[PDB]
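Take a look at this single chain in structure tokens; it is the form solved without this ligand.
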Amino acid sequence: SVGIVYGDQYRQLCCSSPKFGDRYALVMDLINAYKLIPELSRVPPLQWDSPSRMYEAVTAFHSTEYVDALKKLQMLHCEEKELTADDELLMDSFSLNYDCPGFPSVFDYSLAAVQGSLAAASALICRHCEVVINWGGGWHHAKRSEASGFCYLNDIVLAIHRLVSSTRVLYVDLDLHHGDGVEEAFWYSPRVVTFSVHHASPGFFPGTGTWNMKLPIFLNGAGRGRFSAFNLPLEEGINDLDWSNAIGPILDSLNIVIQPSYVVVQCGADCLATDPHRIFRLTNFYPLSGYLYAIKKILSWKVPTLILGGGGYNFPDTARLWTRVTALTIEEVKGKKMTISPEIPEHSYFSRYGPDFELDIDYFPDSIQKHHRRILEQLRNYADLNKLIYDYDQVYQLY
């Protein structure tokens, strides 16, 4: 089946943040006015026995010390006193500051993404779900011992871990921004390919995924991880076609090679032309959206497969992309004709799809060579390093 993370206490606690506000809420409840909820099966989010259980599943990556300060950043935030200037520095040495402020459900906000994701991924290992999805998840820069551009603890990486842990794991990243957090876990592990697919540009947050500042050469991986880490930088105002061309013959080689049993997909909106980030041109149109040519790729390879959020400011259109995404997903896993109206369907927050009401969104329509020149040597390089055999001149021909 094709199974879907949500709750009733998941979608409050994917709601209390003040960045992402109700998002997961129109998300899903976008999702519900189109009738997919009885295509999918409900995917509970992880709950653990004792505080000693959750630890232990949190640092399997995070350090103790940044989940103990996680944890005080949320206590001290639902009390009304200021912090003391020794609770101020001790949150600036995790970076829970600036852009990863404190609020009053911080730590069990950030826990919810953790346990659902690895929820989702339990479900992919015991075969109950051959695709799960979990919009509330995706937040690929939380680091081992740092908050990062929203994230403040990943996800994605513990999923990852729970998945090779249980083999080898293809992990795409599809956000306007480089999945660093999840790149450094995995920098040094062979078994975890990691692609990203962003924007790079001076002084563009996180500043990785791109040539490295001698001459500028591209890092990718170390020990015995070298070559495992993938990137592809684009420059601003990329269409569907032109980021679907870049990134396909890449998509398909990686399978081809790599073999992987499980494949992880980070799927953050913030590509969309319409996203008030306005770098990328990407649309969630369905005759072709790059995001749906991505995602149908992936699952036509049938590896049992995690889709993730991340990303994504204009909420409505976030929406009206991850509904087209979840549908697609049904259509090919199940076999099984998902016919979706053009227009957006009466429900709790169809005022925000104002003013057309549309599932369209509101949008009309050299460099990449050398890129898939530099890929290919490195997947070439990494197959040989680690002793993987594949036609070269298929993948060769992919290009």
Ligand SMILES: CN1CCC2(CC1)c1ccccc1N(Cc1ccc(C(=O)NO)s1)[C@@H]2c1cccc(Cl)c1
Contents of the next structure:
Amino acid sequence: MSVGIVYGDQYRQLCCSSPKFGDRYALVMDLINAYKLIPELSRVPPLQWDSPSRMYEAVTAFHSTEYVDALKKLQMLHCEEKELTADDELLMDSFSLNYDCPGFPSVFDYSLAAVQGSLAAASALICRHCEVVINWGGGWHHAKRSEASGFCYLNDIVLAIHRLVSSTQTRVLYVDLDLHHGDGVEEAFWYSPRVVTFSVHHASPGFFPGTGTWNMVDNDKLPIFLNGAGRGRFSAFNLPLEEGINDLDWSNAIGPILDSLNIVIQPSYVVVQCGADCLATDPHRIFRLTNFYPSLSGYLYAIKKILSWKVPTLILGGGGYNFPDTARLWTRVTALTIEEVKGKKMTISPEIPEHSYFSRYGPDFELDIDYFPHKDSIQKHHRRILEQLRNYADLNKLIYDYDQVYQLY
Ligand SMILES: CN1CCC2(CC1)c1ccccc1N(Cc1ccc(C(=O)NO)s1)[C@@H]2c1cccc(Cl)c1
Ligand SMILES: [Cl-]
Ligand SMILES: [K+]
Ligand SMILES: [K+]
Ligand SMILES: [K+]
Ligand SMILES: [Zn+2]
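What's the form solved in complex with this ligand like, now that we've got the form solved without this ligand?
And the full complex, kicking off with our chain again.
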């Protein structure tokens, strides 16, 4: 069927207006355009609201009115020469609108743009206009009800998933491939069995945001994983991985888990956060994934497997602090999505085509990232996860082969 992609003139300008992500969104969409992919894609315009009240209702489906009010005020304050008052500094500090989530003149418009894009993408799936929709301006998984976190101001993902589950029993499987734990999405749906969250990430002492690993409590008892609560018990899945993992080991770590979640949950929709900060070339320098398509990119391995399910899917961006390598990865994800969904082979030249941002792709100007890969707790994680999935299934009265599922591992 049809693959949609979110873009527009205003949308691009807003997505390029933040100090942390600068013109990343422009490199991504211009590289997709340089490879002649735009004619294969259905343009999905960002959602717009008939009034301020309708916009406030949509965003406050998740966020608190006082947080939305403070974010709106932070934008007003940064569009003026006047320094903040003592009480304004306190208000903004109370919502963590500082440190990693500072103010800037477009902070509200920028944050809301991601929401507009991901809501339009979910709408395009719900009405069956597209089988898959991509939004490289979204995936801000850390934003919480009343707190900015990890340069995430509004949780476009939580709001898109809310629109999906609220449609016509609808289950959503959320897969978070970002280097960082998908805490804001996991927390939003902590009490729901209808949205199952799965995050693979780095976890280590002092690494942001600290969650998605063993629960640290006062007793000498063996630590265990919190995995949701009430009717949501066992519905939040996490795989924390040590630094240094390559394409093949990360692919082997997640593949059986993805296969099992799909078979047991039978989701109506899949939402994938594809944060590019696991790339070997990300300045975090934690994981050693690639965008290679020959050893297969772990990212391309995961997207190909997800798309093989033929479940309507939303693919989102997220982290990725090496802008040219993020564009390299996300162009290949976009081409792979065209190939799997349209059944139309896409031949991408290994040389970056000439375009405005061509100089940004030095020094080799090739599509492969400039990295040469070289030379379990995971098996333990696999047994724990498999037991969690059996627990989730039993609690939610789902029937499944279980021998078939045990075999995948
Ligand atoms: C405002 N505040 C409320 C409480 C939090 C976060 C936001 C929250 C919000 C919504 C639903 C559940 C939860 N909690 C319970 C958990 C959900 C996910 C957890 C985890 O460790 N997963 O890996 S712990 C969070 C929490 C509680 C205590 C310590 C830590 Cl680190 C995190
Ligand atoms: Cl654009
Ligand atoms: K474009
Ligand atoms: K993640
Ligand atoms: K859940
Ligand atoms: Zn990240």
